[PDB]
Amino acid sequence: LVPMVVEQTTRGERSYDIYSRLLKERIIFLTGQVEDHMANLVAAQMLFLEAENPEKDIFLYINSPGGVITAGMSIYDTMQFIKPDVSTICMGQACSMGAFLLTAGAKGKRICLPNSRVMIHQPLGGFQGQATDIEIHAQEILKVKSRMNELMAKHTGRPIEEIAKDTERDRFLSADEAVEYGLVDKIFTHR
Amino acid sequence: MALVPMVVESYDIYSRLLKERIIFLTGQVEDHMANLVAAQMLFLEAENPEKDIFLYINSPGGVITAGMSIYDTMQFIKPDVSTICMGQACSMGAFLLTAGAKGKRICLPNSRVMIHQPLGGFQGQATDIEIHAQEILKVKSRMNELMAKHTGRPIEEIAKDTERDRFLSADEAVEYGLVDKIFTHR
Amino acid sequence: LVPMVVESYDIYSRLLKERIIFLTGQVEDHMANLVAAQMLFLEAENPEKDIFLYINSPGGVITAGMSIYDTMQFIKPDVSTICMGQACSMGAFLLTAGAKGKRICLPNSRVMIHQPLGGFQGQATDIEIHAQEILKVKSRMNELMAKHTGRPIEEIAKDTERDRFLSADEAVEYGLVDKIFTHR
Amino acid sequence: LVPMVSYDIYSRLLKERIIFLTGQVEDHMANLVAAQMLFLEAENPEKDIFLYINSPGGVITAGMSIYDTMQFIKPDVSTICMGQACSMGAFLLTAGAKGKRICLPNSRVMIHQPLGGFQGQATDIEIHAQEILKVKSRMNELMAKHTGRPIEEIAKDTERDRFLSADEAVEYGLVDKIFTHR
Amino acid sequence: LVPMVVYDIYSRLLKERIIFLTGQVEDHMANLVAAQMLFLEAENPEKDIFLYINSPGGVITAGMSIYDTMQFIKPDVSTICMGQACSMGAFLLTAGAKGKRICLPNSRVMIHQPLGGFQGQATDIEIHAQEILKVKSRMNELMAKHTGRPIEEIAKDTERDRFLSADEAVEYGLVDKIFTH
Amino acid sequence: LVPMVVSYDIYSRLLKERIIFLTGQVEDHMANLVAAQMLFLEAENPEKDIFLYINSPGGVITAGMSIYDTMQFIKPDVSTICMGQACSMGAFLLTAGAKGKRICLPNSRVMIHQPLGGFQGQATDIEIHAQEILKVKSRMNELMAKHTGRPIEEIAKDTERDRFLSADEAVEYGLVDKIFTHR
Amino acid sequence: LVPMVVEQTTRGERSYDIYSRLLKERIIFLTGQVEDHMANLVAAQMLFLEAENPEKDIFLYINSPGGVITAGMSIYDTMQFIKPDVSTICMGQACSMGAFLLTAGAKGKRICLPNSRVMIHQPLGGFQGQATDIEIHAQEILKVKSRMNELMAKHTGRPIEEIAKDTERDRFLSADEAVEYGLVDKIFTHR
Amino acid sequence: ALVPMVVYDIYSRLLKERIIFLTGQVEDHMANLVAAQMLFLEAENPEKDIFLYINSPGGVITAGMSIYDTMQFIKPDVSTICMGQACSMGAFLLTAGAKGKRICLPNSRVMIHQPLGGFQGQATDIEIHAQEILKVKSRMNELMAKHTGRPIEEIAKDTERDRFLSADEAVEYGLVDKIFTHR
Amino acid sequence: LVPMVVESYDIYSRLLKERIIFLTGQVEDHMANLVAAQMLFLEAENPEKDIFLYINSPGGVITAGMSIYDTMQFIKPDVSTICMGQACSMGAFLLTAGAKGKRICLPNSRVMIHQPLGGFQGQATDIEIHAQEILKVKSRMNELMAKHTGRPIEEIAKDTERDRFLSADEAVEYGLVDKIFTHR
Ligand SMILES: *C(=O)[C@@H](C(C)C)[C@@H](O)C(=O)N[C@H](C(=O)N[C@H](C(=O)O)[C@@H](C)CC)C(C)C
Ligand SMILES: *C(=O)[C@@H](C(C)C)[C@@H](O)C(=O)N[C@H](C(=O)N[C@H](C(=O)O)[C@@H](C)CC)C(C)C
Ligand SMILES: *C(=O)[C@@H](C(C)C)[C@@H](O)C(=O)N[C@H](C(=O)N[C@H](C(=O)O)[C@@H](C)CC)C(C)C
Ligand SMILES: *C(=O)[C@@H](C(C)C)[C@@H](O)C(=O)N[C@H](C(=O)N[C@H](C(=O)O)[C@@H](C)CC)C(C)C
Ligand SMILES: *C(=O)[C@@H](C(C)C)[C@@H](O)C(=O)N[C@H](C(=O)N[C@H](C(=O)O)[C@@H](C)CC)C(C)C
Ligand SMILES: *C(=O)[C@@H](C(C)C)[C@@H](O)C(=O)N[C@H](C(=O)N[C@H](C(=O)O)[C@@H](C)CC)C(C)C
Ligand SMILES: *C(=O)[C@@H](C(C)C)[C@@H](O)C(=O)N[C@H](C(=O)N[C@H](C(=O)O)[C@@H](C)CC)C(C)C
Ligand SMILES: *C(=O)[C@@H](C(C)C)[C@@H](O)C(=O)N[C@H](C(=O)N[C@H](C(=O)O)[C@@H](C)CC)C(C)C
Ligand SMILES: *C(=O)[C@@H](C(C)C)[C@@H](O)C(=O)N[C@H](C(=O)N[C@H](C(=O)O)[C@@H](C)CC)C(C)C
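Residue numbers (the entry's author numbering), protein chains in the order written: chain J, 16 to 206; chain I, 14 to 22, 30 to 206; chain H, 16 to 22, 30 to 206; chain N, 16 to 20, 30 to 206; chain B, 16 to 21, 31 to 205; chain K, 16 to 21, 30 to 206; chain A, 16 to 206; chain G, 15 to 21, 31 to 206; chain F, 16 to 22, 30 to 206.
Same shape as in the complex, but just chain J:
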């Protein structure tokens, strides 16, 4: 089910799906596993909303356990490139790449809901083939890990060495702990 809303016009009626209707309020949803196709859709929505009005805020609701890093960095670089401030709101959970995109929001507009969960940890990977090729892919994953820690350090305001220590294994944070760590700025309870 995708719920529709009917707007009456001079020439009868037209129809909007609920998500298209909330897109007019400049609200984008990032829901479930981060992969190329759904991530492109999020990026497209950001580019559209920029063209519509490049000075109004964009609200990105995140409920994700993470997924593909490159797919996520397509969203990240879009958020930084576009003029509008992208306010990030955590719903349910933002883990792995979802936490990274949550902390990547415009400073002062990164929000957790009270019972939302945040989790951070180092990249995952896996190659198979000749020893020479394993060394090349092993070198690449280390470069990506260094870069992801560098960006986390920038957005949190914590030193890179501390980000590295804390993401060696799964680190779960409550909403309060995400504010204290510097992943988000404030907690929204009631409007």
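Please keep in mind that the hints were generated in silico from the structure rather than gathered at the bench.
Straight line, CA to CA, 25 Å or less: simulated SDA-like cross-link-like pairs of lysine to any residue:
#1 J:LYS39 to I:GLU65
#2 H:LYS201 to H:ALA121
#3 H:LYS169 to H:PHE203
#4 G:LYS201 to F:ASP100
#5 F:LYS71 to G:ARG206
#6 G:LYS122 to A:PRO129
#7 A:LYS71 to A:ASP32
#8 I:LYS180 to B:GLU176
With the Cβ distance kept under 10 Å, some of the chain K side facing chain F (calculated, not the full set):
#9 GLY140
#10 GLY141
#11 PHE142
#12 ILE149
#13 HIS152
#14 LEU157
#15 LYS160
#16 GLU183
Facing chain A, from chain I, some residues (calculated, C-beta under 7 Å):
#17 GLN137
#18 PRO138
#19 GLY140
#20 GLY141
#21 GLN143
#22 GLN145
#23 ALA146
#24 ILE149
#25 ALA153
#26 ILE156
#27 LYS160
We treat Cβ as the ideally placed atom computed from N, Cα and C, and that holds for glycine.
Got chain J; can you put chains I, H, N, B, K, A, G and F with the ligands on it based on the hints?
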């Protein structure tokens, strides 16, 4: 696909009842169906932030974080979310039922309510097992605190009662403080 | 595909304007939710005109069916139940739950009643909790069957221990339905 | 991919009071037919309905939902056999309004006794066996009523698969006439 | 493959009056243990039998075939826990002759209530639920007898998984002593 | 679900801003869709630039060459912007963009390596397919050399195995021209 | 296949499989994944070789990536219990529980072949179910991890704290590194 | 069963003649059986030669090294004869034979290449496993250099990709000592 | 099962004492190794008595077949080859590899020759290496066929580009076998 629809001049029975400020939470709670409920709520607030929203719940439960995305949306939006239990509200469904606005949490007479502690499952190195084991305790504690707050029963009693599956009738759900009243006839 | 009519409506939306709802196939949450939704819609449309629920169901999930039953009782409109093809298990329960004097079998429709089914796996403590719950549900279903049929709970219990098949005539004599429709 | 004309092809023919019963008979497709019949009755309860049947049969109760709908509604339901009408499809063909049951020249009709299948306790098997016999007796009675042949002859003939040509279906009394050209 | 001597290694150690209970307890492997116990009794009904247990548990009725065979035969059955004895394996460990129930130093013992599962008509579910409660009560009674702990305490402690070290198994009364060298 | 605007879907609405998306594995059908959009935008205005956002790990070479040959053929300059990553054929279509209009975003990844193949059958057929794979490998290395301005011998050495480049390394190598951070 | 050897007797001939023949030389093989059944067979061979002669050495050839811990601890407790010294020789590799049973040999008789590989790391596990049950199984894995570190410390002569640090992640050792770490005593190249 | 007498197959009969067969994929259980046969033949007679017939495409390195170390440890010289093919680990065990007693048959095929592997998990774990495969790769190149008498740099270069050798080429390279055509 | 005979031997072990070896079905490492093992055994038993290799094979793995071929050429005894049923691909190669004057077809036996099959997937550099190797093996196989048949390599190459089916008589005329055996 979309059931009992008419073309606009597809508009279905759920789209029609959404105008009456009615949202349906049906079946297993997971990210996508939960995102749809939250979206409907955000929409109904923008339409009118002062009229009540009616959330019909028939769910055995599911993913806690997905359910919490609805719970936090219910508390955040200005409108009171009235919860009505149809058929059953169990696990996460029972949680969202009791999370309705005080005075407007309703069971139908032959609706079934069931509460129990969280489920989980990790595999890997003992160090990681300890981290996830700790995280599951944190979530279990939080869920008991919120269940205590909404029911008005002490956390020690919620914890005791939810160690194993606890089935309640509509009458028992009112007594326990999960719901406020029973609706039989209009 | 489902045919459309221009006046543009699918055939079910068009029959819904005549206050007709269809309960077809296995009773589960999603199809049962739809039935309940249609009942709420028709009440809001007109709370004093009868609703016609056509039933062709072998049964299914009890809680899903109790979502329909509780909706039927709650809404102001009388819900007339008509049995097409068959009403077995939960379908039979929803057929007999209709407004008194407006529960109808068609001549060659079949009705079947029997006790609930269930199944759990795990610790003996949990098995005992689930066994108790299934007994409470069985007692409650037998009580409501007794209420709607007018037969005593003891007889309903005896008759539903094993599968009991009724013709249209036998369903009238048992009190599951009131009358049989052949022609207008 | 169903073609358009404003209307889909089946919806356009539904304005001409034409319903199609195609493929295996089961609860959902059978309900759709019964719904189209109730709709056409509300539209005009005196004009004929045309039910084109191309079916190998299927679920009896699903078929009986159509049969009872056909008998209840005021309009005469003319049945036309396209390709084949076997088992339950043959039963619904013979259930049409007398004078208006039609086979096309190369259509195939076939009749045989019900199939079933239960497993479990001997007590439950006895209950389910008794139910299958009652259904078989009832199905034979209704076939006897619509064909005009006695129940004893319907019973003997449906013990095993009995195939009929269009000519043989008219002789047996399953249909009234054959349409070759308009 | 199982190596041989001039007899396979298991037949050769059966001369030393040693029986192995290894892996999941089911009808066929349990029948083999009970068969070996009847054989060793017929060979010499006075000399002790050594049962080496390395089992996570399994089918209760299959395990009760070994238990009843242990009690029935004239010879004392000395139980030695190697690797682990959990669930039904723990039950057979504690069912050994008093003073001859042994844990090796790094062997693990675990006890918990029975598992079950039926599906069908509510009447049948009630019959199978009652049966599972009767078995649970019986298993607790026999655990109480062999440990010396009261039935009420055994019931509480087996509501959920309870892991014991070799030392804890001695303190609980599941085994009598620990063999090291 | 792709949302609608007033009525267009979001991708049709961004196509009016002359923006095309190349997303996921390169195969015949998605590649055809890119080339169709390129022919459409040319007809609409054959002088205004086209913007191709690339986020691809690569895929089928022939499918990718359908996009490459469409890019060169149409009058409008095709500006290529690397989102997330551009590897294999994705990198090839990135470097194929109009010179001075090939862009990486800061944390976008670029990777290049030689073609993959595979035939089974008679030794005669294996020889024919092996030759064909060498000719394609040569042709791809020539086109990479032409677009980067690096000699073919260097492109061959550097693509014998997987070669991963950052945004900065992609500019130095000559795969892209510039990096875009903020508008 | 398994190759047979024929011994001639007064009454014609008898036949041994190669493994049964080498068992008369007091040689046991621990090969592949450690699980209850193959481990029970190793223990049975040890109890047999004790009964035959409780003063002569037993040679346990190890080529294993590891497996079930309780299965391996059934072999460990048998080794310590029986009178005979169990000399452990590493063939190909001894990882995980493989490395644990290699180091559990009689002191001075733990051997690596030159190109054999040794690897050590902390226990693996995995439960699913009620939070209460997860807690119990999580407490059990920790208790087992402590016990395994204690025994590794005792057999290697390194302190428990160093064993714990070094086994948090996979630690690979060459034959030389295994002697230096104290997992084995000596390296056999030629007889 | 096999091709036997009841008193015992053709392999058991040829084991009496001090002949062992290494056939098919190298893995723990078949490699354990080879090493066992080698220990048995030493105990029977530690001075007579052992003949190891090798027809293998290779397999698990650690399994193959259990044989290698057994070959070097036991007192008897192990003569290696290549039947059909010796590739990867099979070629390694062929070249590991006693100097002067490593034999190719005329139409036997030899192929050498670097190790294969694969891990998936946390970047930290990947770094550890990536290091281990480099150590193993070095060690295998060192042992090949020793047995062939070629420098490790040439072994490394040649095994970066698959290198196929004829019987003649295997003698020239030093993988084997001589070719046996007729007795 | 395989029948036994008492003197206790299986039927194949008994015929092995008559110096008969069977090559039956798809040629692969394990079954080819068994044939080679038998050839070494019979040489050790008596290096001056002929060995009789019965061939019924569609072919299979070339290297596995070359393990038999090199064993045949190496051992002192003449290896007589008799074709039962069929000798195709590698089986035809091993048939023609028998001692000159002792390569035999049975009257209704079928022979078939064709060029090698192969298959690699991976990087274009690896595909070039494997392609070159396939061509070297193809050249070597054609050379050895040319030697044993006494036909020039150009003709063997032409005739094996596609599947070439020969009767017993056609096999003798081509030089793949020397004579046909009908009766003893
Ligand atoms: C959190 O989202 C992480 C996991 C999904 C839990 C995510 O950040 C992650 O590690 N993703 C991994 C990934 O994208 N890895 C790529 C790759 O191997 O190609 C590398 C660029 C990482 C160095 C997995 C593969 C999804
Ligand atoms: C009721 O709905 C419970 C289950 C469906 C029976 C639900 O509350 C629940 O426990 N869900 C469980 C869950 O969400 N667990 C998560 C997780 O493991 O990620 C933790 C937050 C709880 C420790 C699973 C999804 C059923
Ligand atoms: C008739 O509809 C019955 C079956 C379909 C034959 C139906 O009444 C029924 O018993 N359904 C069962 C069911 O809903 N059981 C629930 C349950 O276990 O959830 C028990 C609570 C009933 C006490 C089965 C599960 C379909
Ligand atoms: C012709 O259509 C027959 C079969 C498709 C061949 C049909 O008449 C039939 O026998 N249907 C069967 C059926 O519906 N049986 C039900 C049942 O199993 O409950 C009994 C009521 C009739 C004996 C098959 C099983 C669909
Ligand atoms: C320990 O070994 C227990 C499980 C393996 C964890 C074992 O004692 C157990 O509970 N076994 C169970 C069983 O045998 N149950 C039978 C049954 O349901 O048939 C009942 C007689 C006990 C209530 C499971 C089924 C193996
Ligand atoms: C990058 O995109 C490469 C692969 C995804 C790794 C791509 O360049 C590539 O090699 N594609 C391959 C391909 O298209 N090969 C064709 C073919 O064999 O059909 C040949 C033309 C290459 C010589 C694979 C097969 C997709
Ligand atoms: C090396 O052998 C380790 C793994 C096989 C890589 C081994 O020591 C190991 O961790 N085994 C795990 C194990 O035995 N776990 C049991 C269990 O949870 O059941 C615990 C007793 C260990 C804490 C197996 C692989 C699960
Ligand atoms: C030749 O036999 C090679 C392959 C079979 C083609 C063989 O040498 C090889 O590389 N084997 C590989 C292997 O054993 N890898 C192990 C491993 O990943 O565990 C590493 C020690 C290699 C550095 C694979 C597993 C067959
Ligand atoms: C006849 O027996 C041939 C095929 C079965 C038709 C046989 O001669 C053959 O070609 N076998 C092939 C083979 O051995 N190919 C290897 C290989 O690809 O590894 C190459 C050496 C071919 C040059 C196939 C694979 C069975």
